[PDB]
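Peer 1: Residues per chain, in single letters:
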Amino acid sequence: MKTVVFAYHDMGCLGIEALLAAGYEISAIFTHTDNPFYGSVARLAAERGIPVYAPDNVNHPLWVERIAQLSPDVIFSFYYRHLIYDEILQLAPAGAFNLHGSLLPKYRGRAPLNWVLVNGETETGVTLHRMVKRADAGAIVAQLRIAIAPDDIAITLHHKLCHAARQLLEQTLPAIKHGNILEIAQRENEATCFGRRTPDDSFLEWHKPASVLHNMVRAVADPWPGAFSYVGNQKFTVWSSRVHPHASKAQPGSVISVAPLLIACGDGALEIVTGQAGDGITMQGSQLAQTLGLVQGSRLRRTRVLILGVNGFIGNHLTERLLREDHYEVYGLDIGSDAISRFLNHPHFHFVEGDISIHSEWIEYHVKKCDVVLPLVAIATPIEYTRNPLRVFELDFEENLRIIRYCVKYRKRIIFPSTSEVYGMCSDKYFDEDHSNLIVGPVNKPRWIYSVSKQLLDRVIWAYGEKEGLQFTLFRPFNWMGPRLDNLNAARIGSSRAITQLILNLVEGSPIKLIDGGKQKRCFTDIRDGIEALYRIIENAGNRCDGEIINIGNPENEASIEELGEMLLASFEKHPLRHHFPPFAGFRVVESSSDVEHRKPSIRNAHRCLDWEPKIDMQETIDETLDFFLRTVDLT
Amino acid sequence: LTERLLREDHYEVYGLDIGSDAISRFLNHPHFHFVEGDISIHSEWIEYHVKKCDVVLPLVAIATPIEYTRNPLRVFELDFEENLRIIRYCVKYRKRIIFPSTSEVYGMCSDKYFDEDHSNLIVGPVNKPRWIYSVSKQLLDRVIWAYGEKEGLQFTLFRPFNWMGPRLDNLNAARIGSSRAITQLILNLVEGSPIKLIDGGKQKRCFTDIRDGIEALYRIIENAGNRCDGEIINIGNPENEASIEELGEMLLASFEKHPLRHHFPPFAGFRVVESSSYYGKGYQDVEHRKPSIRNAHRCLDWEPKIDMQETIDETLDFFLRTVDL
Amino acid sequence: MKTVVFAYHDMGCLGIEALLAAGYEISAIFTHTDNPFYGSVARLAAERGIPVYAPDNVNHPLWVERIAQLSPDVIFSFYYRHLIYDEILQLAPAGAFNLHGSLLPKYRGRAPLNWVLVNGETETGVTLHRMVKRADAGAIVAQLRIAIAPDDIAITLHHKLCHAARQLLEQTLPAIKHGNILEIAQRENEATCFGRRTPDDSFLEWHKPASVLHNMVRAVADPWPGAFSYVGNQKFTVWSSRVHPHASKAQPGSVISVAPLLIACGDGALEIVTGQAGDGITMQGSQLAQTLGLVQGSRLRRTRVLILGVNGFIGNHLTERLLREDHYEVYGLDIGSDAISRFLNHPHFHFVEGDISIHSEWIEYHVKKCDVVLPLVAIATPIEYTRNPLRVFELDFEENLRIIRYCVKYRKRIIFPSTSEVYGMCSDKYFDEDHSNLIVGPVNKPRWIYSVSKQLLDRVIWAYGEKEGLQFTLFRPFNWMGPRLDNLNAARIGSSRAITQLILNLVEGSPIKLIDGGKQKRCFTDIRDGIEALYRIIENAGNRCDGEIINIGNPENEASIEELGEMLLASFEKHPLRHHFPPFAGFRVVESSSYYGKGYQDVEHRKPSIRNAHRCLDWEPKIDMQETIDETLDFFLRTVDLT
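Residue numbers (the deposited numbering), protein chains in the order written: chain A, 1 to 36, 41 to 304, 314 to 607, 615 to 656; chain D, 331 to 655; chain E, 1 to 36, 41 to 304, 314 to 656.
No lab work stands behind these hints, which were simulated from the structure alone.
Built from N, CA and C at the ideal position, the CB exists for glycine as well.
Careful, some of the hints might be misleading.
To be verified - A partial selection of chain E residues facing chain D, derived with a Cβ cut-off under 8 Å:
| # | residue |
| --- | --- |
| 1 | 236 |
| 2 | 374 |
| 3 | 377 |
| 4 | 382 |
Stated by the list, open to error - Below 27 Å or equal to it, Euclidean Cα-Cα: the simulated DSS-like pairs (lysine-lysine) are:
| # | chain 1 | residue 1 | chain 2 | residue 2 |
| --- | --- | --- | --- | --- |
| 5 | D | 442 | A | 442 |
| 6 | A | 425 | E | 480 |
| 7 | A | 480 | D | 611 |
| 8 | D | 382 | E | 382 |
| 9 | E | 422 | A | 425 |
| 10 | A | 480 | E | 239 |
| 11 | A | 253 | A | 212 |
| 12 | D | 425 | A | 458 |
| 13 | A | 480 | D | 458 |
| 14 | A | 381 | E | 480 |
| 15 | E | 425 | A | 422 |
| 16 | E | 381 | A | 422 |
| 17 | E | 635 | D | 611 |
| 18 | A | 458 | D | 442 |
Build out the structure end to end from the sequences listed, making use of the hints.
Peer 2: What follows is the structure, encoded as structure tokens:
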């Protein structure tokens with residue numbers, strides 16, 4: 001037969017060897033480059053005079069064409085780490101087979117070797133199965149069981165797996181060269197799956213049974229990263245361990261004896277036979293105890318948030334949210350306190366007077382002083398893009414760039430307000446932070462100066478992230494609304510201008526202008542949801558927000574300006590304070606000069629990073645916003 | 331440009347740069363003045379020379395794609411910030427600026443003809459950093475524009491499309507205007523390294539003889555009837571459209587028949603490479619770039635006169651004739 | 001017996017195992033941490053319940069004490085990489101033995117495994133010998149030969165060596181446990197020694213025979229870094245090769261064929277069987293040829318020196334020297350051109366007008382413009398240290414720091430004139446750049462502000478060298494002298510002030526002042542020698558000057574100020590132009606507290622160590638004192654205007 005092989009490591013090597021020994025013709029081999041014990045598939049391919057390639061993604065059309073030209077009868081996958089998907093998969097008429105390191109359907113995920121040890125399994129094996137859309141789900145062509153001895157560790161079991169695979173292939177590969185194979189479908193309800201392990205998965209938790217922990221060190225034992233724990237601040241690694249069924253009245257985690265080194269567990273005790281302190285050398289347990297400073301009986314500030322432009326919507330709500338919690342210190346920076354005044358006496362709020370266009374050193378100083386930085390100062394007002402482009406550019410770009418560079422210099426985290434306008438004329442149904450292209454008009458359409466300015470900033474922040482190690486998260490708010498809207502002339506980010514305008518229209522008794530009929534649809538977000546998301550961004554649980562760009566918006570709240578008008582009017586007419594304001598001036602259709617056809621965010625990133633979804637329906641948002649606004653208006 | 335301007339008698343040229351080697355034949359010319367300078371270092375010397383002169387031509391910038399991803403911050407610092415400094419000198423002293431915008435501002439725009447006044451500008455997500463060059467350059471055009479509208483700056487923006495001819499810039503040079511593709515291929519033939527066709531080299535480009543281009547640029551400097559004021563002008567030849575592959579074939583054909591061929595190594599061949607290999611990751615390419623020269627015709631009464639083949643042959647000829655053997 | 005073992009890698013492991021099997025008691029084992041295939045000595049020691057340590061230096065007194073406490077009968081070293089010296093070695097009564105990976109005395113150096121493959125040796129072996137002051141020089145207790153097969157590469161031979169080692173130890177270890185030993189002393193004239201290999205040692209030079217190159221690829225083959233070459237700018241590695249004795253008219257380095265891939269050598273051709281392009285994967289030769297862009301056949314401007322303070326002694330002589338050569342372009346920077354005036358018309362000299370205290374961007378610009386930078390502007394005048402400390406500090410420290418930082422920013426090489434004054438009162442017979450302590454007086458003795466200022470600059474440059482990657486060389490001139498001395502009031506580095514002053518004394522008919530009797534001794538250097546050295550530093554052959562501090566002086570030329578006075582006077586009296594000048598006013602002894610102002614402390618001797626100059630520059634001063642004196646005096650007297 002003719003084959004194209006996808007191979008890596010030992011399984012790849014022995015797979016290929018078995019393939020050649022079976023009289024197969026290997027036309028080409030696809031493999032990987034080596035990251036900083042295993043045999044090389046490339047070295048083998050090279051010695052056998054077989055062309056070998058290592059693209060990052062083999063599913064690129066070019067490689068598909070190349071493989072097509074090679075015209076394989078059957079395809080084989082031996083421990084190829086990158087994912088091969090159907091387009092190339094279906095090119096071989098006899099099909100494609102994969103060699104997997106467990107008893108399938110069980111442990112069909114990745115790194116089965118380690119997982120079967122972690123779970124304390126008494127047996128495992130190797131499976132040759134047919135590939136298909138679902139990972140490792142296809143019909144089993146061949147399988148061979150292996151006993152796991154109590155004293156097996158990762159490497160010994162790995163070699164057992166390799167031997168079993170070599171046997172399996174030796175006997176069942178010849179059958180495939182003919183078609184003398186049976187295909188036994190996998191039982192899907194009996195299946196078990198595991199994901200990729202991180203070294204943090206190897207942390208030893210002493211409240212657990214000694215058995216689980218022994219198994220832990222068995223699973224990751226050298227050459228693997230090893231199971232670890234801490235003595236005070238000092239980290240140490242357990243290379244080999246011994247379970248002690250003999251109990252101890254000592255509570256879990258305490259040191260029973262240093263010779264041997266014995267740690268009390270939830271059930272039984274665990275002896276550390278060998279281990280190492282930090283990056284030092286391996287040594288027997290007793291010496292490790294001495295160098296770690298163990299003896300018999302031994303066991304195992315607020316984040317400063319700087320908000321620039323605190324006086325206003327996001328400043329108010331974010332401050333409230335942050336101070337609700339116990340671990341934050343908030344420094345509000347702005348040219349006035351009028352909007353945030355109720356927080357001025359709060360012990361953990363600090364108002365700092367400053368103006369980012371004038372003050373340089375005061376700002377820099379406060380960036381150094383704090384931990385995370387939130388630059389909310391900028392001109393977001395559309396008429397101002399065209400009326401005063403240079404001032405918009407100076408404030409929104411240059412001053413904020415200075416602030417970003419403060420953050421780069423002092424190694425502080427920056428959470429930066431990008432804009433939904435960055436997407437511009439993009440035609441996608443959902444605006445995707447990571448995918449959607451950004452479309453703007455020609456240079457002669459200056460309204461775009463704002464959108465492009467904000468975009469280039471995102472890119473500079475990005476670069477600083479990549480090259481200088483800046484910790485950042487970009488967020489793009491979509492029409493946030495709620496109590497305490499920013500004034501329309503205000504230089505701070507975050508309040509939807511449209512709603513402010515409509516509400517001010519109803520309050521002032523001026524007409525609601527529907528520009529070009531007001532049929533263009535926007536998405537609106539209750540600030541409770543939005544500020545929840547932003548707060549979640551500040552928290553940065555699991556550091557999942559690092560380098561992330563996250564839309565914060567509610568796609569369920571999509572409405573036209575007309576509909577919005579209708580809703581606010583409906584809420585307005587029935588409101589207890591209605592009698593304080595003029596009769597409704599009516600809806601009035603207007604020409605363009607006197615735009616985006618849809619703005620709908622993809623909130624996938626917010627869900628992924630923040631585990632966040634907007635909980636609040638449109639109506640309550642409309643009602644609460646209008647209510648607070650009307651009750652806030654001064655009357656006489 | 332110096333050659334063109336000094337041919338006519340009414341121009342006084344102040345050449346500014348950190349070396350004179352490429353322009354050495356103009357150093358003795360009474361109406362040429364070489365001024366020592368670097369726009370990243372010098373502030374006041376540059377400002378002075380802007381006050382002193384009439385029209386200003388800021389050609390310093392990093393146009394080489396690999397550097398966009400490899401050194402984004404320097405690309406941004408030099409191409410955007412230092413040039414903004416110069417633009418602001420011109421605004422302050424009320425001088426005319428003729429600014430080299432880039433064909434790259436259009437990005438992935440799908441129009442058959444890229445139109446200065448009409449075509450939308452399309453770039454990838456922020457996570458596709460190669461666009462930092464394109465967007466940086468675009469934002470400058472907008473700043474220059476704003477100054478034109480609000481503060482009365484006299485300006486003309488021009489976008490060259492693959493200008494080529496004698497005396498191409500070195501590939502690592504921070505100066506604008508010679509096509510990198512052509513330089514790369516000719517250097518490949520000269521050095522005997524293979525010609526890399528990225529993703530098959532099927533993407534099409536338009537090429538322009540430097541004679542036509544410089545005619546256009548000179549005409550922009552002339553500014554007859556002040557017709558270039560506030561104008562954005564493509565300078566390119568749309569009939570010269572060719573893929574990189576075709577370019578390779580043409581150059582190879584011209585190369586093999588050249589009298590000096592025997593002094594250079596055997597052709598290593600065309601070799602197909604994936605985008606991710608040559609430019610690294612986060613790469614996004616333009617499938618077609620064809621300029622609208624309408625504005626050039628309207629403002630400059632200008633049309634490209636030179637056939638592709640003559641351009642190819644002359645460029646290759648001069649380059650090979652300069653090589654030391 | 002009791003043992004303390006020094007062990008690393010496979011030889012260490014098998015050594016310890018063989019030692020245990022022989023009934024030794026291992027009290028402790030010394031090893032190394034692992035660098036970011042070989043078996044672990046630490047893990048093994050840990051498994052056997054043997055205490056194991058990995059200090060950076062075992063020869064630290066503490067460890068000597070601890071090893072002493074363990075009280076070993078005999079010591080064994082199996083492939084311990086760090087060096088154990090006699091203090092610890094003499095603790096074991098039965099002695100200390102080392103396991104070495106060659107046939108001794110041959111290849112007694114390090115990496116014998118690789119070296120015996122490089123040289124194409126047909127055999128090698130393992131040797132157990134008795135350690136001593138000289139490395140691997142001791143008496144051979146046991147030795148075992150092993151044949152090197154033509155198809156052996158590094159790893160296979162490594163395993164053979166390990167096998168032979170187990171066998172050797174297995175039979176000869178019991179003999180040591182008793183006291184049955186032969187010592188066949190090593191024959192020193194048969195000895196051969198090799199050092200640590202650097203990847204650059206694996207560079208394939210095609211003008212050599214194919215056999216030698218084949219041997220090269222055999223020696224460094226995987227797991228080792230491999231032998232390499234270049235296609236244009238692209239680096240590639242040859243993992244396996246095949247010699248083709250059939251010759252070819254094709255010149256060395258040309259590609260004979262791509263299938264198989266064949267490179268013509270000085271003798272025969274080398275087939276590349278497998279290899280890789282850059283960091284890519286291994287592949288067969290033809291594919292490697294294809295990805296590198298090879299086909300049949302294929303083979304495999315001037316430096317800008319910026320001198321700040323060019324108008325004067327060093328500027329003049331260095332400019333002359335640099336312009337002698339074809340590959341330099343010199344930019345002289347200063348506030349006047351007179352001293353260098355004859356180079357103003359030279360095509361490759363460029364005078365740049367500038368003042369480092371005023372001009373900022375002009376200086377920065379010229380640093381960017383050039384390649385290597387030489388900051389000679391500074392006040393070296395002793396009286397000025399005490400008279401104008403703040404100006405001396407501002408110019409010598411701050412402005413030069415400005416320049417140094419330019420050099421860091423634009424990634425240019427800086428060759429910086431440190432000063433011999435940095436050593437201060439150091440008592441060493443030879444002032445050593447790398448070793449000697451630096452001694453200055455209390456703060457109330459302000460003359461030291463110059464010395465300490467220059468010292469701190471050297472340290473800041475050093476810091477930039479370590480942390481920010483500055484390429485630098487520091488040089489400390491010792492009383493350079495020759496034609497074209499700087500004026501005594503000049504703010505440039507390099508002319509001996511003392512001799513200038515004495516010559517001026519003789520010319521003006523003023524007395525030669527011997528300060529505190531002029532008993533303090535100095536070393537004097539002909540500018541021919543000095544400028545030779547400085548030129549050698551600029552050349553920077555093999556980049557051997559990188560991060561280096563180099564004294565430039567002549568220690569054979571040593572004289573008290575008195576002796577100098579007498580020599581100069583002697584040359585003066587017999588000179589043809591003597592009669593044009595006044596009678597000698599005589600020598601006048603003066604106390605320090607008058608001439609130099611207050612707070613003065615003088616150094617009794619300054620003798621440079623020129624070891625570093627020899628090592629880095631292959632340099633020695635060639636000019637005798639008398640000739641220097643005569644040339645200097647003659648040139649000076651002949652410049653004087655007479656009327």
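Peer 1: If a hint holds in the structure, say so; if it doesn't, say that too.
Peer 2: Hints, verified against the model:
1. 236: With Cβ-Cβ at 5 Å, under 8 Å, it holds.
2. 374: Check passed: Cβ of residue 374 of chain E comes within 5 Å of chain D, closer than 8 Å.
3. 377: holds, 5 Å
4. 382: Since the shortest Cβ distance to chain D is 6 Å, the answer is holds.
5. D:442 <-> A:442: holds, 25 Å
6. A:425 <-> E:480: With Cα atoms ~22 Å apart, residue 425 of chain A and residue 480 of chain E stay inside 27 Å; holds.
7. A:480 <-> D:611: At roughly 15 Å apart (the allowed maximum being 27 Å), residue 611 of chain D and residue 480 of chain A satisfy the hint.
8. D:382 <-> E:382: holds, 24 Å
9. E:422 <-> A:425: Between residue 422 of chain E and residue 425 of chain A the Cα gap is close to 24 Å, so the pair holds against 27 Å.
10. A:480 <-> E:239: This hinted pair holds, its Cα atoms lying about 26 Å apart.
11. A:253 <-> A:212: Distance ~16 Å between residue 253 of chain A and residue 212 of chain A Cα, so the pair holds.
12. D:425 <-> A:458: holds, 24 Å
13. A:480 <-> D:458: Holds, at roughly 14 Å.
14. A:381 <-> E:480: holds, 23 Å
15. E:425 <-> A:422: The hint holds at about 24 Å.
16. E:381 <-> A:422: Roughly 25 Å between the alpha carbons, so the hint for residue 381 of chain E and residue 422 of chain A holds.
17. E:635 <-> D:611: Outside the cut-off at roughly 59 Å; violated.
18. A:458 <-> D:442: holds, 21 Å
The structure does not agree with numbered hint 17 stated previously, though it agrees with all others.
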